[PDB]
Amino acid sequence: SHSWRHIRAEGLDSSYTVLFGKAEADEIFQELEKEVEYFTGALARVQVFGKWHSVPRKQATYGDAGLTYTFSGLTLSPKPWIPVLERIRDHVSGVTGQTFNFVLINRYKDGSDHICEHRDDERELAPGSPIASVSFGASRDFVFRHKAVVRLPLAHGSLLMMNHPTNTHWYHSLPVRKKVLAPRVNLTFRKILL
């Protein structure tokens, strides 16, 4: 959390680092796999180009009561905060100064689970606050495209910080990587509005 690779271009502003060492990350990830309860059924379908699909991964959301989060036809309410999530949130707040009330958690069982190209833009995502993507497990390729391409390997225990207006000009994705066979759990902390 002292060594940052800054990513900057017209409309792009992100920062990356390895926040947790190997041991602390293994301990956390081992806790996450036990505690996190992933959504199922209706709560795991999105609507895109006219059709519903199951997401090719698992999703959960946690955060303060009453906040919601919508994208692609689906509204999610947060389950309440569990210690391991509290612990990751607060250590992230500690290095960034920033503060968060909500966390989307995506789990990729292996390298065929993915997330398609999108922007993480939306009204309820508050002004003046970034998005913090933390990762545990397998290492997976993360790509920015400007509708030019920056490819970023997200390592075990890393933190990708995503400031304004990265989200109002560039698309991101976690493409299929067939050669990866291990799980990845990603956490993206946000500061949402009522």
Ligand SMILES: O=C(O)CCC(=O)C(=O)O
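Positions refer to the first chain, counted from 1. If you superpose the two forms and keep the largest set of C-alpha atoms that fall within 1.5 Å, you have the rigid core. Only residues modelled in both forms are compared. First, how it differs from the form solved in complex with 2-oxoglutaric acid.
After superposition on the rigid core, the C-alpha displacement between these two forms reaches 2 Å or more for just one residue among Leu76, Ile88, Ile115, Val103, namely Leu76.
Comparing the forms between these two forms on their rigid core, the Cα displacement of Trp52 reaches 2 Å or more.
Taking 2 Å as the criterion, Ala65 counts as shifted between these two forms: its C-alpha moves by at least this amount when the rigid core is aligned. Once the core is fitted, the segments that move between these two forms, counting only runs of three or more residues with each CA displaced by at least 2 angstroms, are 45-53, 65-77.
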Contents of the next structure:
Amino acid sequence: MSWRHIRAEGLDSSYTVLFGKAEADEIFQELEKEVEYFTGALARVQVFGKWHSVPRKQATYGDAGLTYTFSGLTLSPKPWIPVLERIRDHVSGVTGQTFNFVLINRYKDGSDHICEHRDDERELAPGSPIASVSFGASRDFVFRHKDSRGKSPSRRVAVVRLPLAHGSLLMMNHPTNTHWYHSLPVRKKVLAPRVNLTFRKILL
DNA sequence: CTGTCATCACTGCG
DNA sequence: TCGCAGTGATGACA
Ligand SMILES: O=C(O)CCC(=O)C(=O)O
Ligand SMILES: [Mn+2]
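Right, the form solved without 2-oxoglutaric acid is done; let's see the coordinates for the form solved in complex with 2-oxoglutaric acid.
Zooming out: every chain and molecule, the one shown earlier first.
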């Protein structure tokens, strides 16, 4: 197993293909059968005073007794199911990092996406990495430095682009999430679904 | 309670 | 097809 070190100013991440094709295919099939995604209010978001559907399906799973916040609201993730525990255990066995929570984002095709953002670290264990595991269609992932955004950025730090492949793990390490925003842009030629699992270590 | 700060994804272009 | 510029109500925080 080979790791690519992704390095830039205030960016430290590591990328590998963690699951081979056969295993990744099995896992994808099981995620597609079993994951229960949000419906109703949790699948809506208000942006500049207009209501939209979240442009991807989402779900959370995690340890018993954990709660988290979604926009001021206190929520409980769903209990682990075996396929998710299988993924988590492989990530932990390889990296030595442990997680108690996962956010699942399912992009039905290239029109589902997520805009430039930094992960909310407020309820995360201090200094903890985030482990991003991907199954299904490859999708382009983009890191952009915080001071290189918008119309007249103060700095011209180069963007960092990579595809996240089927069965891959991207470890995003501190201080990546302080200095960089990441996104999964629209890619209209991608017709197939992708399921991404972002494992986190939440306080408690 | 107040006031600052960061934030989410769309439309309408080019 | 890609992606820029412009669009604010809301919650975190001190
Ligand atoms: O789908 C992805 O790889 C990114 C998801 C992500 O960054 C997030 O939900 O915080
Ligand atoms: Mn993220």
